[PDB]
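Number of protein chains: 2
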Amino acid sequence: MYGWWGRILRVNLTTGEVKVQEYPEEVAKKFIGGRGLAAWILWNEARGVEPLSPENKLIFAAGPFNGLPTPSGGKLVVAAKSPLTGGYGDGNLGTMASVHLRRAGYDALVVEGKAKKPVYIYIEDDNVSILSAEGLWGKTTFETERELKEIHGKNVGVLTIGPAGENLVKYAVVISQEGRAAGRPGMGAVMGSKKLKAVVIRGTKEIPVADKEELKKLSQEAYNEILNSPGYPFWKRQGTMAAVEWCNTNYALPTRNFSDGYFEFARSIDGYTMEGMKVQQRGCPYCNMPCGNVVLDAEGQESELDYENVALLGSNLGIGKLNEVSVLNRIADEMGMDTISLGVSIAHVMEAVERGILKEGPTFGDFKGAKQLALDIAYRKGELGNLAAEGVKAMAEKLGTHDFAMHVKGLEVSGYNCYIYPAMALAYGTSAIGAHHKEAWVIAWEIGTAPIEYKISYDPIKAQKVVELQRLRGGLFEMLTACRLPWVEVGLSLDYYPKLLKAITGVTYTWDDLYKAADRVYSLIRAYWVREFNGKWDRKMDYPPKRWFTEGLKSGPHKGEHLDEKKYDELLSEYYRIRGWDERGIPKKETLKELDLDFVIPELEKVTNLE
Amino acid sequence: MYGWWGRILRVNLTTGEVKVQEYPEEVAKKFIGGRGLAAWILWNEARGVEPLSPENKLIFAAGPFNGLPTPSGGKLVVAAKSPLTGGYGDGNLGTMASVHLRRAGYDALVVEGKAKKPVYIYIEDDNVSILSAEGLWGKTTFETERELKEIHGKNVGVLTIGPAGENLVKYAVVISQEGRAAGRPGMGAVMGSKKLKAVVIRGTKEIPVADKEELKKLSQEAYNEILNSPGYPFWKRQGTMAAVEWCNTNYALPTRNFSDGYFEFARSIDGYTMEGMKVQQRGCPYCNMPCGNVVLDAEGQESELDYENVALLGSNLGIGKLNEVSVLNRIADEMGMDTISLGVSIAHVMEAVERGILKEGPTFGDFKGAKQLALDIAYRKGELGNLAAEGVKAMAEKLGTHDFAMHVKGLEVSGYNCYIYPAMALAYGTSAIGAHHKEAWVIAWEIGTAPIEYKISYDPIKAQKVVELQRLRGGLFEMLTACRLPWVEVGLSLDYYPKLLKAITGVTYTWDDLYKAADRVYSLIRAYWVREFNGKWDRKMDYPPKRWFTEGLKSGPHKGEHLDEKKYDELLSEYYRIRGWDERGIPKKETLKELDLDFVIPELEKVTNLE
Ligand SMILES: O=C(O)CCCC(=O)O
Ligand SMILES: O=C(O)CCCC(=O)O
Ligand code: SF4
Ligand code: SF4
Ligand SMILES: [Ca+2]
Ligand SMILES: [Ca+2]
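These protein sequences, in sequence, are chains C and B. Using the deposited numbering, the letters of the first sequence map in sequence onto residues 1 to 453, 462 to 619. Using the deposited numbering, the letters of the second sequence map in sequence onto residues 1 to 453, 462 to 619.
A portion of the hints provided could be inaccurate.
Heads up, the list lumps identical chains together, so a pair's fine if it works in one copy or across two of them.
[As the list claims (entries may be wrong)] Result set (SDA-like, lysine to any residue): computed pairs, CA atoms no more than 20 Å apart in a straight line:
1. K597 to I609
2. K117 to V128
3. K236 to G138
4. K149 to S129
5. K19 to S129
6. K19 to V128
7. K548 to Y466
8. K117 to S129
9. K116 to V128
10. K596 to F607
11. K149 to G138
12. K117 to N155
13. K601 to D521
14. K149 to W137
15. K368 to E299
16. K116 to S129
17. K116 to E150
18. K507 to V496
19. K236 to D606
20. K205 to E17
21. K116 to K205
Simulated from the structure, these hints should not be mistaken for laboratory data.
The following block holds chain C by itself, in its conformation from the complex:
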């Protein structure tokens, strides 16, 4: 067996039992890795479990690309049943832990149970142990990783959670190297519910490879294709930050709880303001086009900036100064919570406060009051902070404000306002983990321009586009698992991936093999959702926030414009038609059979009727 090890590391924090599970090579070929392997595990071992209970499974999954020198192939998926959405959840993050876990001899690490006291998992090749992390509990993500490296060395990958993960904030995440995050859907809350403060990994093994020479040829070429791409220079300069100006110009910039797609102070928080505030640039393992742009915030501290971070904590909050948005950004990072869901919950609170619904709380443009709430959420302090720490869906039900609750399936909407973008909106509505642009960032295509550098329409081909993209971004790249930006941003030929896959594993994968493998994962995940919800499911699940229907842009040539229900409903049906799902968004027995997901039928039939 090449590329894959065929081994999964298992740790039971309740019994302290540690073992290695071997899985069949055909499971490897079938799901490839990352989100593929993660969905397989959660389907079998996370049936009906309470998201914050010890029975839920915290999965750290890499793919055949990880552990090896591959173009930006230092990513890693973190999956578990989501405490926020209640369905399947996962996220991705770059980290040397990805490299170590795999050189250590594992394709994945599954964690179950819950320790009696704060602990952290230590892995050094075959030497794996559960140690006390009692002295760490309470410390930021930055400090925890720092102290751990001060004991074990620099040659390690470290995953940690901040006070927000410990306090179980629904959108808490897992951090690494003061900047990389993963698990918007509560993966950090799960890691916290298990009394797991961190994971430290070091691996020195040689990962078996089918064609060593071709792996080197391909990698060198792909690396050089990046270096020589026309978009490399501007990418190096602004990274994902270039989307601020791009979204504003196109009215896709979330402003004041997505009330508008235009922000008057966008200049004071864009890639050009960022550029003049930069003091350092970091990146993920094996990446030659780093985009972890570090600036200094209004308090002299370092903040690693990303577009979604700034849009959600900046324009979305009505804050027009980047060094102040940078302060909030850093907090989210050390407290260990999702910048996106955190910004949407705060933005939600500001609107509600302004509407007279909430009596105490910050308003838009209120940096200080926003900074106090971000911290109050991190430590669940007081009534207001504890509520917002539950997310907008939960918060909405309590405050009775479904009106301006920007989420889909329970996950807060990303940094793209879609009042006039059917495809991107469909993208958000159909995301396998909930509202996210992860799997399908189609607004760029739908518009015709890209940050690296209009008449609405619900054309059926858009649903086809959203599906093709999801195969690549929500499928291939999440199973490899490598970075999509090289391809997305600087245009690296995708033809490199099936070839690298064949060089590493020895197995030929055609593009159809991949779309199928990708579609298999999408349906299995959709099935997991349905089963967990006990059959209570239908198309509305796949609907975008209702605000994009009842109101429209508040300024610009498209003022007043929004999305149309009837036409969106058809776009979706078309989507379901392509995927092979009924008008409830549930996969059909024929489709599941097609994708080798037969074993899923008996389980779903017990909760609803299949077609």
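Here the structure of chain C is known, so what remains is to put chain B with the ligands in place on it, guided by the hints.
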């Protein structure tokens, strides 16, 4: 089996293998523990090994008294074939690591082999792992323990080495809780040769006790006896620091490399001075008469003072200010090196400079120069720091300065000058592990007074009092293992020890049983020494330094007075007669049998002729 677990933890740094060896109940009954158990182990497992080679065994041996609430019973022994002496070496220190080791289900821990990189041993009950310490190597013992506690919490026992151990300074020791130390013969240099930086222990298990009620009552009774003894108030004030004045009053205070027994500036480095420089008081686990007195040094740094540290690093160096001696004290502690051997090796250099044998180096009184040499020794900087790091015996061989080399068997002499004290001289000459006062601090009885508050004679009864003292100090107390000071200083009845042992292990030990056990340990160790010295051995190995025979006190009414070789030789013969040894200091066959050491005879018989 009660009291003892009959279990020994084995860690092989080389192969990483970790197991638990079960040892008989007669072996426990026979050797009781601590030093007893360590000698049995070293005899069998460290046969012909290089003290600094991977084959050497690093032992952390506890005893029936450890892990349980026994009066000042938080001690622990550290043993291994000595790098400085080449014979059996060991030390003792008070540390929570003594309690936690036993509460984890082990009587002792035996490290063997050598890690391929800086590592530390982690123990939490049955969970034992060899972790990376690459980020710790190079840091002071103080910093190492603080950092590990910041990770695993305060509720643990940590044992560490400083750069002196790391660099293999021959008199390198193991440190704990900033101040507590063990292993003068270079236990720290053995820990370092294994690339072992520390040991973190935590125990929660409940130890099997034959009579739980008796143990309680006996202990409650022992503590009160301590609390009410007349010497308690003063002991709380000066600890062992009261020995400076008393030693100066008796011409026993080592001054300028043992050149004299009186120091004109003894007052500014005495217990009353210390008393007015005290900012904190610490102690070992389970002791109600703490004696770790903390002063602020010349540099404002906390320093834990003990008589021996101040005597060999102060008056012995000719340094008369206590805040300056404390500085050298702290350095010893944080670098991980025995204050005694460090001070004697330095004084030796100082005397060597003054006499012009050495062209460079500090002189008596030169604090700045002594501090620099001390730091140069720990880091082995320069020809001088390097030579001095070898100890006076080796240094002397190099400089040809055998005349003022204050050691016996390679181990440097303690803080008691014996120009006119035949018993104490015999104590140093026969100390099992080489020159030390641990096993026989007879000088107080020989004078008729003690610090807690003269005619030279060689009465053969002096050889008896030494053996008697050794049975208790170098035996019982190193086997239990508990602190001897509550008995020595405040006078707690020695009758609690046989009853407590009985209440713990269930066995009834009579004082003759104990005297026999201690004697077994003594003949075994001598056996070890002779065997490892390849039969090359004679009575001179038990002789005190030449200086005390060919020179005398330089001041006071005893001016000019010294020791008579002939009359000492006679005292040694009485010692050998009592112990049942030949005129060569080697145990006699009938003696070995008598002590159940028959298995020693065939082995020694291979290197010399027995009697
Ligand atoms: O700006 C973003 O958040 C998305 C970057 C492009 C991509 O999602 O691949
Ligand atoms: O002052 C010392 O160093 C010795 C204290 C008494 C003893 O050794 O038991
Ligand atoms: S492009 Fe950015 S996110 Fe992707 S691997 Fe490189 S540094 Fe990481
Ligand atoms: S008397 Fe001193 S050395 Fe003995 S146990 Fe107490 S604090 Fe420790
Ligand atoms: Ca980031
Ligand atoms: Ca001390």
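Against the structure, the hints come out as follows:
Proximity of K597 and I609 under a CA criterion of 20 Å is satisfied intra-copy only: 6 Å inside one chain copy versus 84 Å between copies. Taking CA atoms no more than 20 Å apart as the test, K117 paired with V128 passes in both settings, with 18 Å inside one copy and 17 Å between copies. With identical chains, the CA atoms of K236 and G138 are never at most 20 Å apart, being 35 Å at best within one copy and 38 Å at best between copies. For the homomeric pair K149 and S129, the shortest alpha-carbon distances inside one copy (16 Å) and between copies (17 Å) are both at most 20 Å.
Both within a single protomer and between protomers do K19 and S129 lie at most 20 Å apart by alpha-carbon distance, with minima of 11 Å and 15 Å respectively. Proximity of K19 and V128 under a CA criterion of 20 Å is satisfied in both settings, with 9 Å inside one chain copy and 16 Å between copies. Taking the shortest Cα distances, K548 and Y466 sit within 20 Å of each other inside one copy (18 Å), while across copies they are farther apart (104 Å). Proximity of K117 to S129 under the C-alpha cut-off of 20 Å is found in both arrangements, the shortest distances being 15 Å within a copy and 18 Å between copies.
In this assembly of identical chains, the alpha carbons of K116 and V128 lie at most 20 Å apart whether taken from the same copy (18 Å) or from different copies (17 Å). For the homomeric pair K596 and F607, the shortest alpha-carbon distance inside one copy (13 Å) is at most 20 Å, but the shortest distance between copies (81 Å) is not. Proximity of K149 and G138 under a CA criterion of 20 Å is satisfied in both settings, with 17 Å inside one chain copy and 14 Å between copies. In this homomeric assembly, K117 and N155 come within 20 Å of each other (Cα to Cα) only across copies, at 12 Å, whereas the closest approach inside a single copy is 27 Å.
When the C-alpha separation of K601 and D521 is checked against a cutoff of 20 Å, the pair qualifies only within one copy, where the shortest distance is 16 Å, while the shortest distance between copies is 81 Å. Proximity of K149 to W137 under the C-alpha cut-off of 20 Å is found in both arrangements, the shortest distances being 16 Å within a copy and 12 Å between copies. In the homo-oligomer, the alpha carbons of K368 and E299 lie at most 20 Å apart inside one protomer (12 Å), although the nearest pairing across protomers, at 44 Å, exceeds that limit. When the C-alpha separation of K116 and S129 is checked against a cutoff of 20 Å, the pair qualifies both within a copy, at 15 Å, and between copies, at 19 Å.
Taking identical chains as interchangeable, the C-alpha atoms of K116 and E150 lie at most 20 Å apart only when they sit on different chains, with a minimum of 19 Å there against 25 Å within one chain. For the homomeric pair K507 and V496, the shortest alpha-carbon distance inside one copy (18 Å) is at most 20 Å, but the shortest distance between copies (79 Å) is not. For the identical chains of this complex, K236 and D606 are neighbours neither inside a copy (46 Å) nor across copies (79 Å), given an alpha-carbon limit of 20 Å. For the identical chains of this complex, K205 and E17 are inter-copy neighbours only, at 19 Å across copies versus 23 Å inside a copy, given an alpha-carbon limit of 20 Å.
Proximity of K116 to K205 under the C-alpha cut-off of 20 Å is restricted to the inter-copy arrangement: shortest distance 16 Å between copies versus 32 Å within a copy.
Figure legend: structure checked against the earlier numbered hints; hints not met, in rising order: 3, 19.
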